[PDB]
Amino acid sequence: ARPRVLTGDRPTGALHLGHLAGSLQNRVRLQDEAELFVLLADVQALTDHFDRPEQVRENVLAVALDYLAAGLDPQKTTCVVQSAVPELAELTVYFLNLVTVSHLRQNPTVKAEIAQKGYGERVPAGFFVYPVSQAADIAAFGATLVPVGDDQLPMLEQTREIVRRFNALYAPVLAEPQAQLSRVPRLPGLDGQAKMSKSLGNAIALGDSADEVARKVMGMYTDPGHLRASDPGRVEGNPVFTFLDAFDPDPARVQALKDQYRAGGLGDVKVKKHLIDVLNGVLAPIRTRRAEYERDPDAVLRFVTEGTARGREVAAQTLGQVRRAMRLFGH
């Protein structure tokens, strides 16, 4: 390994294909090419589900299982439960002094999320402030590399900004994380939307059966105006093609259906039927891996408790350097 990479998810439900193409398979590969930390963002989940704590609790082990089923080896990845690392909240408080309300107010991702949630000015303080909580996560674990979807760059950049101001004001003991950009943008939902999410109900979960995956693909949005096979169709806006573009290994094969489709002799069903097995092929192992851990629940809890202990040790080391850099009384 080499760089410390920090990635994570708000435990609110089971992971889906979006996480897969979006990042899971990426960390699966940088897992032996670096020191991977996966944060089950328990606390950040509550800025949104503070009134559904049961929901979050249940999903920590659920997402950890998704992690294991996806190919993350317990011997190479450190899984950490955020709430069991209070050092993160402590650094979040110190970090809140390094940024202004106005600056937090212009974060494009949080702004859209607020508008989507319908909060108005009645935004929960913890949610409005979550980007700095993420900044604390990154710096506390000493992460130098952070995979970021095109959508999470503002947060990465604000972390670098907070980290830089911290090093200048106190002592340079924090590392500025760099971003790792990806190719496949936010995998769209079955809906045809831009975001795939169990909330939106347009998702294919990693634990869905072979039947459900097929069903999901069959109901997947395709292309209006294209009423019957024969007719010519267009790829743009069609989620089946952007799906194949992230789950199908043979592009020469992909670019192929793209030709016929634009012509008239490739029924939407054919594209779908094909895609459903390209998905079944990428999921086949995942299902069997899941089964293994489902039978070995003790192991899942192991992965989580051992990873958390390990991550806390790193967080505590960093906070020690932080508290002395800040000249807090006693250090």
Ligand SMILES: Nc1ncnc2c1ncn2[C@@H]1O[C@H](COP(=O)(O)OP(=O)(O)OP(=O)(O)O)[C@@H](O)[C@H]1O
Second form
Protein chains: 2
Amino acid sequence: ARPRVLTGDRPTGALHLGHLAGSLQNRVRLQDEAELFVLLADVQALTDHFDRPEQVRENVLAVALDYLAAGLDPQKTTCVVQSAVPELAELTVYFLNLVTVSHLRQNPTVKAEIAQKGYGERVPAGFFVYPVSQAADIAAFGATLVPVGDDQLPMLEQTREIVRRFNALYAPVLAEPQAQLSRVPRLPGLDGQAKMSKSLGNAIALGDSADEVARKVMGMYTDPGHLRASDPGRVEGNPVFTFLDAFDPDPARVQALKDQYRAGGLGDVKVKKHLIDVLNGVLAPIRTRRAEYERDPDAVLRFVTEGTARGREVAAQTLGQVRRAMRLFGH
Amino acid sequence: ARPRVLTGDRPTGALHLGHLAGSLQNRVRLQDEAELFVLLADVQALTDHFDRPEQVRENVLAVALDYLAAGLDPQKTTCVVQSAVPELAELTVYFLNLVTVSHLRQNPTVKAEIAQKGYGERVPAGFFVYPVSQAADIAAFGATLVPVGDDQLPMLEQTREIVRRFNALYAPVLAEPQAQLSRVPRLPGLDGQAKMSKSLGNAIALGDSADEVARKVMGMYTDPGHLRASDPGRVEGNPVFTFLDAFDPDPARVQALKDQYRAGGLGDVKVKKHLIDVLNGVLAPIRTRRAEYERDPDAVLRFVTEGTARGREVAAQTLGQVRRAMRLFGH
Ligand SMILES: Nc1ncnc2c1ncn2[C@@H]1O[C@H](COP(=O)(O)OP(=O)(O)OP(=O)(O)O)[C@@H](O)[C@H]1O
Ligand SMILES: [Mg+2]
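Starting from the form deposited without ligand ATP above, please write out the structure of the form deposited with ligand ATP bound.
Following is the full complex, with the preceding chain placed first.
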């Protein structure tokens, strides 16, 4: 290890492929290259599912299972349930004083999410405010490295800003996190959309059976205009190729089909058939690992409970420093 | 001691005659017919004093001394420091999901403070959502009665909507608070301005010496058109008479003074000299206890560290039922 790295997910359901290439395999490797913390954004998940609390509770354990099956080792990663670290809420309140409503209003990502949900001015306060809640997550765990989708840059930058303003006003005891850009941009949905999500129903979950994964690939959007094999096709906008580009290890092999497909002797079926196995291959182990844990549920609970303790420990240490730096009565 | 009453002050400076008339007298009455809780809201004080943490820190004990000087009984009233009870922060973040930015922006009292503050759009997030942290305060301490001036009713009503929203969404575990309406008009400042404030420089601190109180009353605004004693003068708008209606034990003298003043020949001197006698009678006992408690710093500290202990446990319980009600992982 070396730097402290904070990553996480909003527990709203099983993890899928987009996550995988999105980060899961990234943290799998940074798992021994540093101190990795994985936050099950229990609380942030409510700024959206405040009306479906049952849903969240159920998915904390489910995502943790996903995490383990994906290759994360209990011995090298601290899994933390946000709600069980009240210290984060404390720090969020303090942070709220360091940013203006107008600045929160110009966050491009939150503005897009807001328009998509049709909230309008009727945006729940908790949601409108989740970016600073995230900054608190980062700062409380002392994270210096935060993998970030292109999409989550505004938030990351807001965190540095707030940390910076906090150190100047009070005392310099918080670290400015630095970003870890990724290569594969947000993996698209089977739909052909930009985002894969259980909500959009265009996802291949990490728990899906060989049968399903194959069925999901076969219904995958490809290329209209390309009606029959013979015909020439084009890779731009074709999810299968941007799937191979993120799950297929032999690029020479990839750029291969990319030739033939532009030509006309590579039927979308053959492209699919291939890719379906490139996925079964990347998934095969994950499936077996899941069964093991599924049979040792006690161990998943362990992973969550032990890590949450460890992490609260860390949050508690930072808050002590934050409370004294702020000159709060008593310390 | 039947219904739990919650009240408070954001610790920003010393208390003055305005708070005495506006809330303290009533609070000294409440400690005998209810269970009184007073919140030294240093967290809330930070929503706009985030740039002056020293000022806030220092005023927690100073206002505490003022509560005591005023007559609040350490054996009757629970005095708690908001900072020292993180459960409130934890509760406010959950409450943020039960309210819309839209509805928060509509709060008439906060809209007016922002107006007077001249923030513009540059409103600090924390300050914009402070009515919810107050809602969190009420619900956590499980207060069923909250003393309120019509200026704080929208804060109170929102608390009501929130609790109502929380019980219907999770489980009916929070008590709905009820208002204890008004304290009759707010005490105007020495130069007659609508508001009495240290900031405005037109106040009489509870801690002001009997001499100072005399001086301050002498230089009080009266009636622009009243130029000499012989002249007739107006009562309305004349704070010397507004102060008399709020503190003069016998309205017979008051009404008599009013008569002879509109008549003519009754100068500001004879009236003011009589205000001085009525204020010194209301203030003298407050000055003695204040000085007394100054000799006993430990007794003031005991007042707050114990109310806080009590408060912390009460909030702790409520969060217990809140967490379970919310179906939070592990509850
Ligand atoms: N298409 C994707 N590409 C890369 N990462 C993704 C993708 N979808 C989700 N993630 C990641 O998974 C985590 C969860 O975030 P989030 O809950 O917003 O996903 P979502 O797809 O928008 O789900 P939903 O619409 O069900 O709430 C984050 O780490 C996020 O970056
Ligand atoms: Mg989402």
